[PDB]
Structure formats: C-alpha cells, structure tokens
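Asker: One-letter residues, chain by chain:
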Amino acid sequence: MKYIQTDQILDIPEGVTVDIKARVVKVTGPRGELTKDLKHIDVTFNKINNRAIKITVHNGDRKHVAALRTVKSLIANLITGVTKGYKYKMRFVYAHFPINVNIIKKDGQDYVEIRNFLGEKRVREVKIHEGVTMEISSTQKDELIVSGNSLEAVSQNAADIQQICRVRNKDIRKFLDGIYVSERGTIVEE
Amino acid sequence: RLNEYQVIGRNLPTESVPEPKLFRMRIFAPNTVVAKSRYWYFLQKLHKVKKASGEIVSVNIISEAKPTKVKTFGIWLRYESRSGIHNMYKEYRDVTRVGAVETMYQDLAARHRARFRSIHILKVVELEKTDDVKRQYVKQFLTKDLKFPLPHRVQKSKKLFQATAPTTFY
Amino acid sequence: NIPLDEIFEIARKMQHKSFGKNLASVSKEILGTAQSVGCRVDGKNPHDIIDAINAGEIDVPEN
Amino acid sequence: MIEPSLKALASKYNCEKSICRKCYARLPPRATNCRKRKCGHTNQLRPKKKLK
Amino acid sequence: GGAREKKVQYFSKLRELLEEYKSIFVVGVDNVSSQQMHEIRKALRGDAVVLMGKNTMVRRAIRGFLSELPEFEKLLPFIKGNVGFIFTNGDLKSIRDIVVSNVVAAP
RNA sequence: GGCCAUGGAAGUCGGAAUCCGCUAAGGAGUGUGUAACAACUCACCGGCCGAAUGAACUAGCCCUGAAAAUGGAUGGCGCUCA
Ligand SMILES: [Mg+2]
Ligand SMILES: [Mg+2]
Ligand SMILES: [Mg+2]
Ligand SMILES: [Mg+2]
Ligand SMILES: [Mg+2]
Ligand SMILES: [Mg+2]
Ligand SMILES: [Mg+2]
Ligand SMILES: [Mg+2]
Ligand SMILES: [Mg+2]
Ligand SMILES: [Mg+2]
Ligand SMILES: [Mg+2]
Ligand SMILES: [Zn+2]
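Protein chains in written order, with PDB author numbering: chain q, 1 to 190; chain 0, 3 to 172; chain 12, 103 to 165; chain AN, 1 to 52; chain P0, 2 to 108.
No wet-lab data here; the hints were simulated from the structure. A portion of the hints provided could be inaccurate.
Each computed SDA-like pair below joins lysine to any residue, with the alpha-carbon atoms no more than 25 angstroms apart [to be verified]: (1) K2 (chain q) - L148 (chain 0); (2) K48 (chain AN) - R168 (chain q); (3) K39 (chain q) - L68 (chain q); (4) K131 (chain 0) - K146 (chain 0); (5) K146 (chain 0) - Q5 (chain q); (6) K123 (chain 12) - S95 (chain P0); (7) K50 (chain AN) - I172 (chain q); (8) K2 (chain q) - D147 (chain 0); (9) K89 (chain q) - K12 (chain AN); (10) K2 (chain q) - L79 (chain 0); (11) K72 (chain q) - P153 (chain 0); (12) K36 (chain q) - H154 (chain 0); (13) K123 (chain 12) - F88 (chain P0); (14) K123 (chain 12) - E17 (chain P0); (15) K38 (chain 0) - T98 (chain 0); (16) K47 (chain q) - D11 (chain q); (17) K50 (chain AN) - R30 (chain AN); (18) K149 (chain 0) - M1 (chain q); (19) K12 (chain AN) - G185 (chain q); (20) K2 (chain q) - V156 (chain 0).
Build the full structure now, drawing on both the sequences and the hints.
Answerer: Encoded structure:
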C-alpha cells in the first residue's frame with residue numbers, strides 16, 4: 001500500500017544521551033556506552049527533545065514498515081543495557097550425571113568448561129564473548145549467572161552454552177539433561 | 003489516453019413507434035469510433051436493440067467541470083477474471099474524471115491482469131465528503147498538513163560518464 | 103419416586119447447601135444434581151419437572 | 001532423578017512444541033504455519049507427541 | 002443480539018434496586034474469591050443486596066439517565082477500579098458489622 | 001470426593017450425563033501435576049490502557065507440490081523501481 005509515513009517514539013531516560021549520526025547509534029548511560037550500525041536499514045531520525053527521538057519511515061511498504069519498530073526495540077534495549085544491565089540465569093538440569101562447570105582461562109581467553117555431561121569423557125569449552133561476565137552462583141546450587149550491558153552478546157553466549165549441551169541418539173523427551181536458561185532479567189532489579 | 007463521451011441513441015422509429023425512447027450513456031473511450039461502438043455493446047446488454055435497427059443521435063465530449071481541482075473518485079467496477087465474474091470498488095485521486103479512469107485501467111491490468119475487454123465501469127462518483135472515502139491508500143492523502151520528502155533522488159544523465167561521485171540528496 | 107412430599111426435607115435436611123435466594127433455590131440444587139442419576143422423577147428425567155416450577159408450574163413458594 | 005521444577009524448565013525446550021505434518025519441523029506450540037519453505041508454510045500441524 | 006439484551010436487563014435491575022432502597026458509600030475489593038463473595042450474601046439474605054457487574058457499563062448507563070434520577074451527576078467520578086455495590090439502607094455501623102465480617106488474608 | 005465403572009480416578013483413566021444453585025464470572029471441566037486428592041493453569045467474567053478488531057471467501061505475482069541419466073541453453077551474455 002506504500003504507507004506515506006510511519007513513526008515510532010523513542011523515550012530517553014534522564015541520565016541517557018543517545019547520539020545518532022548517519023544511522024550509527026551511540027547510546028551512553030550510567031553503565032557505559034553501546035554502539036550499533038544500522039546501515040542495512042533505510043530510516044531517518046529526528047530529535048524531538050533530549051528525552052524523546054522520532055524514528056520515521058517515509059513511503060515504506062509492508063516489510064519496510066515492519067523494519068521500524070524493530071529499530072525502536074533495539075535502541076531501547078541498548079538504552080536499558082547502559083542504564084539497567086542484563087542478567088541471564090541458567091540452571092543445570094541432570095538426572096544422573098552431575099555437570100561439572102568451571103570458568104577457565106586458556107590462551108588468555110575466558111572459557112566455560114563443561115565436564116561429565118551425561119557421563120561423557122569429552123570436555124566442552126564455550127568461548128565467553130567480550131563484554132560478558134560469568135559467575136557461578138553461590139546462593140543457588142547448579143546456577144550460572146551471565147551478565148553484561150549488551151543483551152545480544154549475553155543471550156548469544158547463554159545460547160551457546162545451552163546448545164553445546166544437546167542430547168544425541170536418545171529420546172529427548174526422556175533424556176532431559178542439559179543447561180537451560182531459567183531467568184531473563186536485568187542487573188538492576190525492578 | 004481516453005476521453006469521456008456522451009452518446010445518445012434510439013431504436014429506429016417505426017409506424018408503430020415513431021419516437022422511441024432516447025437512451026444516453028457516458029462512455030470513456032480513446033475516440034468517437036470506439037465511443038459509439040461501446041454504446042451499442044452496452045445497449046445490447048440491456049435493451050432489445052441492434053446497430054442495424056438503431057441510430058446514433060448525438061456524440062459529445064464531456065469536459066471536466068473543475069480540471070484544476072484536486073478530487074477523490076470512487077469507481078464501481080464489474081470485471082471478468084480467468085475463473086469468474088466479479089464486482090469491485092476502488093478509489094483514485096486525480097483532477098479529471100477521465101484521468102481517474104485511465105488510472106483505473108492501468109491499475110486493474112497490473113494487480114488483476116484484467117484487460118480492457120474484461121472490465122465494465124458501473125459508476126464514477128466524485129466523493130464530496132471526507133467521510134465518503136473508504137480506501138486507506140487514498141485516505142492517507144487527506145490528512146491535515148501533509149508533508150513528506152522524496153528520499154533517494156536518481157538524476158538522469160545525458161552523458162555516459164560523470165567525473166564526480168554520484169549523490170541522491172533531494 | 104419422590105418428592106413423596108419430602109424433597110423439601112432433603113432440601114431442609116441438606117439445609118447447609120446451595121447459598122441461593124430463598125430456600126427454594128436449595129431444592130433446585132438437589133433437582134439439578136439428582137438429574138445426573140435418572141429415575142422415576144415424576145415419570146421422566148429431571149431438567150423438565152424442575153424447569154416446570156423453574157418458570158412456574160403448580161405451587162412451591164414455601165414461606 | 002530431576003525435580004519437578006527443573007523438569008518443567010527442560011520440557012519447555014524439549015517437549016512443548018508443534019510438528020509439521022509433511023516435513024517434520026520442530027515449531028513453537030502456538031504456530032499456525034510451518035517456517036520451512038520446503039513444505040510451503042503449511043498449516044497442517046499437530047502437537048509433538050509425549051511419552052506415555 | 003444476546004449481549005444487548007443482557008445489557009438491558011443489567012441496567013433494568015440497576016435502576017430497579019436504585020429507587021427501592023437508597024444511599025450507598027464506597028464499596029471496593031480485590032483478590033476476593035467467588036466463595037469469598039458467597040459468604041457475605043449468605044447471611045445478607047434480604048437486609049442487603051449484592052449488586053454486582055463492572056465499571057464502564059455502570060458509569061455511562063447511569064450518566065445518560067441523569068434525567069429521571071439526576072441528583073448524582075458529580076457522584077460518578079467516584080467509581081474507579083474494582084468496585085461492586087451492596088444495595089441496602091441501614092446505618093454507618095449496622096452494615097459494616099454484617100459486611101466487613103469475613104476477611105481472608107495472605108502474606 | 002456428582003452417578004456408574006475403577007485397586008484408586010475427588011473435573012483432568014473410562015461410560016450414561018452436559019443439570020442446578022449463587023453469580024457479572026465459572027465446563028459435571030482446556031491443560032500440566034498426583035496412586036488418588038490437593039495443587040496451579042485454562043473456558044468465561046472482572047480491573048487496566050483506549051480505536052480499532054475477528055472470521056469466511058475471490059484472484060494477481062511468488063513459493064511448495066516439481067524425480068533421469070555427456071556439460072548447456074528465455075538464442076548467448078546478462079538483467080531485480082528490470
Ligand atoms: Mg534409540
Ligand atoms: Mg434485459
Ligand atoms: Mg490505487
Ligand atoms: Mg496513475
Ligand atoms: Mg495505481
Ligand atoms: Mg466482456
Ligand atoms: Mg554526466
Ligand atoms: Mg493468495
Ligand atoms: Mg512459500
Ligand atoms: Mg513454480
Ligand atoms: Mg525501464
Ligand atoms: Zn514444514
């Protein structure tokens with residue numbers, strides 16, 4: 001239908017300074033700065049005030065309009081990453097074989113080392129992405145805390161850890177072993 | 003490229019009926035040869051008359067009343083598809099009744115593969131009230147204080163080669 | 103077949119049941135629940151002779 | 001043995017799914033169409049069967 | 002068609018009970034069970050009627066009919082949120098004895 | 001904890017039933033969970049925001065349907081607001 005114009009309104013909290021130039025968004029907050037390039041999308045930005053930003057698509061078709069609220073949501077996630085942080089909690093699920101999880105450092109790189117998963121002699125290593133913090137929960141047995149400013153990196157490292165623990169050649173309805181994301185929240189509780 | 007015509011015809015007078023009723027149709031045709039042809043096409047869809055037994059009385063061009071006034075038109079259609087016969091209603095923005103019908107013919111060719119031969123124009127009405135506009139693709143141009151840019155302008159060059167980097171500002 | 107003029111007694115012996123409107127609503131609760139058994143309820147099944155006095159058949163406005 | 005709290009967390013990823021009837025795809029339970037192009041985004045779905 | 006008839010019966014029984022008794026005060030609840038509500042009306046057979054329903058229908062179906070029973074008018078801005086009605090007329094103390102009686106609490 | 005089946009089945013094994021009463025709200029119950037209940041979840045009604053929403057159908061382009069043997073043919077190159 002080629003909608004003539006479609007708009008979304010970003011909301012900037014008091015301590016956050018978004019900064020946009022040539023579709024390169026740099027969001028600054030109390031917790032730090034995050035940057036993202038959006039050169040793969042045709043959008044335009046207008047600063048309504050210091051607390052609001054208009055995001056506009058002119059004469060956009062259905063898919064190109066669909067790509068507008070995703071831009072809004074990504075920048076909002078950047079804003080809440082530098083003002084609240086992100087925290088994913090993972091629970092270790094096993095029926096028989098305890099999962100031995102350590103945070104090791106090899107070749108100057110941080111890794112998550114999973115051992116004895118379903119009794120295997122194999123040692124699983126997951127690279128920890130930059131800007132992502134791992135911690136073994138003390139308050140909970142068999143719990144890993146993945147935290148950081150960027151939601152994308154945190155959720156993708158968590159997914160890496162979950163995916164490396166997939167069960168093969170078994171009835172996965174019965175063999176429910178693995179490492180699963182149990183809680184998706186923020187560093188600053190709300 | 004079309005014109006709107008007023009075509010008036012009648013059955014040939016007989017000693018039984020020496021003044022048959024005069025029937026008029028508004029025909030959108032490229033020229034007067036097709037206008038009188040289209041007239042007989044529709045009379046034989048409605049009345050017991052033929053070209054051999056009838057007579058064309060008058061053919062006149064109907065010019066737009068306000069050709070520099072922007073209007074919204076609603077057009078009622080009856081077209082044939084590959085499978086059946088369908089009624090449809092669509093809306094067009096233009097300054098002349100003829101230019102809306104030309105847009106209509108381009109529009110049904112593109113989205114429904116309906117050729118000129120497959121379309122009957124039931125009615126063309128200028129929508130006076132903003133509440134009369136039913137379709138969103140023309141209603142979006144009736145909003146207050148409408149502004150929009152034209153991003154990514156492509157300039158047509160007379161030369162094959164240009165010595166400076168291309169731009170698309172506008 | 104009952105009432106045997108005692109279906110109110112079953113309502114007033116089970117007086118602690120249906121928190122209805124005015125006592126006769128309790129009788130309907132036994133009316134509705136006993137239909138799930140299916141016996142000689144005045145000849146047929148309930149949800150019928152119930153629905154007679156539900157709209158208003160003979161007379162049970164007992165006080 | 002897995003505690004019931006953890007068995008529901010695991011079942012969210014292993015069991016709570018819908019399956020495409022023509023090409024065998026693991027789909028979200030609420031999905032109305034299959035996401036795979038090979039089957040034509042069919043609406044012929046059915047829940048993933050459970051142990052019994 | 003059924004909803005507009007059940008809407009009509011609702012406004013019918015709303016104005017039937019409005020003139021039959023009188024004067025009502027604030028009557029709001031939350032986290033109240035269905036058996037919780039059956040307890041109050043079990044003892045409040047005839048002395049009070051538990052008028053129930055919702056919000057948006059109650060406000061406009063009375064606000065437009067502020068002609069045969071005006072008086073209220075500015076009384077409508079009171080109706081906010083989960084609010085029922087206990088149609089009665091007694092005294093500021095004689096109703097809270099029979100109504101506030103049952104309480105269900107939680108940590 | 002409806003009736004009967006049932007070792008037990010109380011809504012969530014299985015059969016006649018599918019009602020009533022309070023309700024604005026609620027099925028003799030849509031699921032997970034129990035040996036069984038319990039438990040929570042839903043069906044429907046509430047509060048909240050407030051301007052649109054759901055269903056069936058028609059036919060255009062595209063996709064699935066669409067498997068053969070030398071390497072290879074919208075004539076070739078190549079072409080995607082063509
Ligand atoms: Mg096997
Ligand atoms: Mg005829
Ligand atoms: Mg158009
Ligand atoms: Mg045009
Ligand atoms: Mg067009
Ligand atoms: Mg034809
Ligand atoms: Mg040039
Ligand atoms: Mg289609
Ligand atoms: Mg497809
Ligand atoms: Mg094809
Ligand atoms: Mg061209
Ligand atoms: Zn599929």
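Asker: Okay, which hints does this one fail, numbers in order?
Answerer: Violated hints: none; all satisfied.
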